[PDB]
Amino acid sequence: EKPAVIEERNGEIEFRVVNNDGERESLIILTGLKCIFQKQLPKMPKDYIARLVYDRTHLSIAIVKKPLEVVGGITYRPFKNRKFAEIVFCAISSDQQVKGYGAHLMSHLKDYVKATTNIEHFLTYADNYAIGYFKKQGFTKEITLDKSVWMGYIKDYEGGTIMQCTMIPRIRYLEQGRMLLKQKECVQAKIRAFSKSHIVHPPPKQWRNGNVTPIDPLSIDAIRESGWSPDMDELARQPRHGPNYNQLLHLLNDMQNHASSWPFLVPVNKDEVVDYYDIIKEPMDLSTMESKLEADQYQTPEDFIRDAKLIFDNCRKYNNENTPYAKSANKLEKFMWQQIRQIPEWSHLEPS
Amino acid sequence: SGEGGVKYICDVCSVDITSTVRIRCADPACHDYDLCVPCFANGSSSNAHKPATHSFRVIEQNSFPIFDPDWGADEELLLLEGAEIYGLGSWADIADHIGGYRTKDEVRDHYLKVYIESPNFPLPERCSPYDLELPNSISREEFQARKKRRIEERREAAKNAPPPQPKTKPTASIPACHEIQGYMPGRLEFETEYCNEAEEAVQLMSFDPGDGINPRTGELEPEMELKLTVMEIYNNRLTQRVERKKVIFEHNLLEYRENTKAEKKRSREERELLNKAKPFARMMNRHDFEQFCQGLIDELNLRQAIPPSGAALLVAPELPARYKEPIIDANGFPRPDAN
Amino acid sequence: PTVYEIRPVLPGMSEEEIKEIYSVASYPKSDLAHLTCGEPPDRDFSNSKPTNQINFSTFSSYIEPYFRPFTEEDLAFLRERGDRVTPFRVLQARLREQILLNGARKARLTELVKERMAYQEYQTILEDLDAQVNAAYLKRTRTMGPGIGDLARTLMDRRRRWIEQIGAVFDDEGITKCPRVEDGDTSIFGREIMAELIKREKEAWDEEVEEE
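Chains as they are written, first to last, in the working numbering: chain D, 1 to 352; chain A, 1 to 339; chain G, 1 to 212.
Calculated directly from the structure, the hints in this document are not laboratory data. Be aware that one or more of the hints could be misleading.
To be clear about the criterion: a stretch of chain A counts as covered by chain D if any three or more of its residues have a C-beta under 8 angstroms from a C-beta of chain D, and this derived list gives those stretches [claimed, not checked]: (1) 48-56; (2) 183-190; (3) 278-290.
Calculated cross-link-like contacts (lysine-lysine; reagent style DSS-like; alpha-carbon spacing at most 30 angstroms) [claimed, not checked]: (4) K278/A <-> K177/G; (5) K135/D <-> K39/D; (6) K148/A <-> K83/D; (7) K147/A <-> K190/D; (8) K182/D <-> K136/D; (9) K276/A <-> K29/G.
Facing chain G, according to a computed beta carbon distance under 7 angstroms, are these residues of chain A, among others [what the hints assert, rightly or not]: (10) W71; (11) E179; (12) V242; (13) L302.
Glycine residues also receive a C-beta, built at the ideal position from the N, C-alpha and C atoms.
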């Protein structure tokens with residue numbers, strides 16, 4: 001039980017679902033939520049946040065302290081007929097972020113919507129630093145909804161990254177801990193019901209005389225019953241992804257997080273510009289290289305370096321050097337070279 | 001590394017042994033001294049390990065079905081561990097962690113069936129650990145051969161698989177779909193409302209924490225009442241906007257082309273009369289408005305009479321069908337289809 | 001030991017068990033859904049958007065004529081019946097038949113417009129006090145202060161008096177609403193009253209003819 005749970009049980013904190021009805025308490029709660037959201041999202045105008053929070057269709061779930069102080073909250077607009085609700089904001093005061101309230105609040109929201117209505121899907125536009133939190137809370141970057149269900153209904157937010165989540169029916173998301181722990185306990189007991197590792201076997205009969213010679217594991221009775229084969233032994237040591245998957249994933253996350261990679265986050269549309277495809281015969285963006293890496297097509301790091309260099313070259317080719325596009329592309333090339341130089345292995349691949 | 005797991009490395013060959021059958025030295029002289037099957041096969045000893053007179057233990061990889069004929073113990077444990085770490089609902093990473101080339105859809109279906117949607121409750125399987133038919137229904141060798149075959153086939157397919165198509169630009173909802181730039185018919189909201197500046201007075205408002213009532217008088221403190229009073233005006237503004245939208249929805253004021261075409265086909269005097277009569281539409285409903293206008297036009301056309309126009313239709317050799325019956329009957333009550 | 005699933009709600013249940021079900025320890029009382037303009041039509045919007053829009057200036061100017069405040073200028077449009085001597089067989093009967101209905105409708109519209117104008121004259125004075133009390137608070141934020149000013153204390157009392165006393169007259173709900181077809185027989189031209197309007201207008205016509 002994380003500190004949020006004990007604090008809630010002891011009455012230190014408390015949650016409240018509030019909409020702009022016109023009471024006294026509701027207005028305090030809504031204004032505090034507006035203050036928090038305005039603090040955390042400085043880029044957007046304060047007018048737009050003020051309009052969205054104080055609307056008459058949206059809801060809000062907030063966490064309040066005993067002397068009526070609000071720490072954070074989430075805002076959403078349910079589409080009851082379309083079986084999906086949109087999340088529009090999310091934030092917690094930075095001073096109190098260390099406690100770890102985010103998952104607890106998300107569980108409260110999911111449970112409430114599940115038990116009060118019949119929605120299934122959540123659609124959101126995540127910020128560029130909340131992606132880890134959203135992923136840890138069950139969302140995914142791949143969308144599995146038809147283009148008719150959620151087109152024209154949600155509102156685009158520039159600089160975002162749409163995500164999805166499909167709630168699993170008939171579960172109590174607040175008690176995940178104990179339920180999953182018991183499920184693990186019972187599967188582990190089932191496993192321990194057979195595992196012969198509790199049997200302390202004598203030295204192999206070939207080595208009982210003091211001579212050590214190779215022994216085929218399939219010869220032994222216990223191992224034989226274990227069904228060990230050379231094939232599985234050799235296969236179990238091959239990771240699903242490429243060996244550098246963790247390091248390239250770290251680099252990809254750093255590059256995406258960097259505020260110098262915005263123009264490449266998504267490709268350029270054919271409708272908006274026609275000459276982009278006609279001039280560039282190898283249009284490459286970040287999503288394309290990520291997918292190709294997921295396909296294992298990139299055999300060597302040189303492929304990734306060439307892809308980045310070609311992306312930069314295309315950016316400079318389609319957009320003039322004087323224009324900010326090419327200058328930003330060169331700055332991002334410098335940033336990637338910095339990241340690589342931080343890696344000794346790839347430091348020697350920089351041309352002179 | 002973001003993963004919270006523990007990596008196990010053999011003490012002799014320094015080869016990962018976590019996901020493989022292994023053997024450990026059980027003598028108290030050796031602590032956490034793990035020897036892989038090859039090392040224990042070739043018998044390469046190090047430190048205080050004695051393969052001659054010390055009893056050993058065989059760590060089994062526990063490969064056989066328990067719940068699902070296509071899934072073994074290791075796969076299920078990895079699934080639940082991923083649920084603990086990667087969060088229950090994150091199917092992509094948990095599928096990646098389980099391995100075996102199970103696409104996210106397959107892992108989701110397997111979990112739903114086995115645990116969530118099942119003839120079962122959070123106590124797994126039929127009755128107890130005493131039910132041991134599935135383990136002795138297939139020999140482990142056959143199951144492992146099936147796993148090897150499926151893995152090799154899947155690897156070959158992936159190597160021969162076609163390249164994944166590049167992601168297109170994300171399908172921006174662009175709620176401007178209506179034929180009025182900046183109209184969001186999916187939300188029934190405009191972008192530039194009646195008093196879009198109304199929020200200019202409450203976008204900086206802040207409340208004193210933990211306040212709301214006077215500790216002494218029991219009444220709202222002057223600042224609190226003043227602050228509350230400035231939001232009642234905002235609520236009234238919102239309600240005015242809502243009434244505006246309700247009125248505009250009716251009467252079909254969103255069909256620019258049709259209404260303009262209809263006015264264009266109309267003559268001068270009829271256009272002027274309809275323009276004059278426009279304002280009262282707020283107080284009637286569509287049918288009443290149509291009756292009112294059509295009555296005015298009928299009166300004007302009859303006065304004039306006393307493609308072809310109405311004045312040219314009334315003076316036709318054959319009278320139209322709707323003019324052979326009194327509009328209001330003898331007992332003073334107008335006919336229902338007055339206009 | 002503890003329940004692992006969600007317990008479905010039932011109508012007419014106790015508040016404490018409602019919180020138990022929700023676990024959130026509170027909830028809004030009124031859904032406020034009745035103020036929604038209407039549920040979304042539930043269509044398929046993936047169809048290609050039109051590529052030629054019309055500027056908001058044009059649309060605003062196009063709908064502006066439908067909401068201008070009422071004035072005595074248009075209170076004279078109705079209250080006018082036109083010429084009734086020169087036109088006066090079938091067409092003459094038709095015209096005599098239709099003039100009376102026209103007059104009845106116009107009379108009813110006159111009966112409504114007066115209360116509408118009174119409400120307008122009320123709102124134009126309420127809005128001034130609303131604006132003054134709103135602006136007398138922005139200065140506090142600007143200077144960030146101290147006690148509330150006497151002006152800010154006495155404007156609230158004036159506003160509250162004005163509302164609670166005068167606005168009682170306009171309590172009727174129909175002073176701000178447009179009747180809707182979906183509700184049913186909401187037409188403001190019920191025969192039960194149109195009959196008497198018709199008879200009164202005929203009496204007035206006969207009196208005018210006698211004078212003329």
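message = Check the structure against each numbered hint from earlier and tell me which ones fail, lowest number first.
response = 3, 6, 9 and 10
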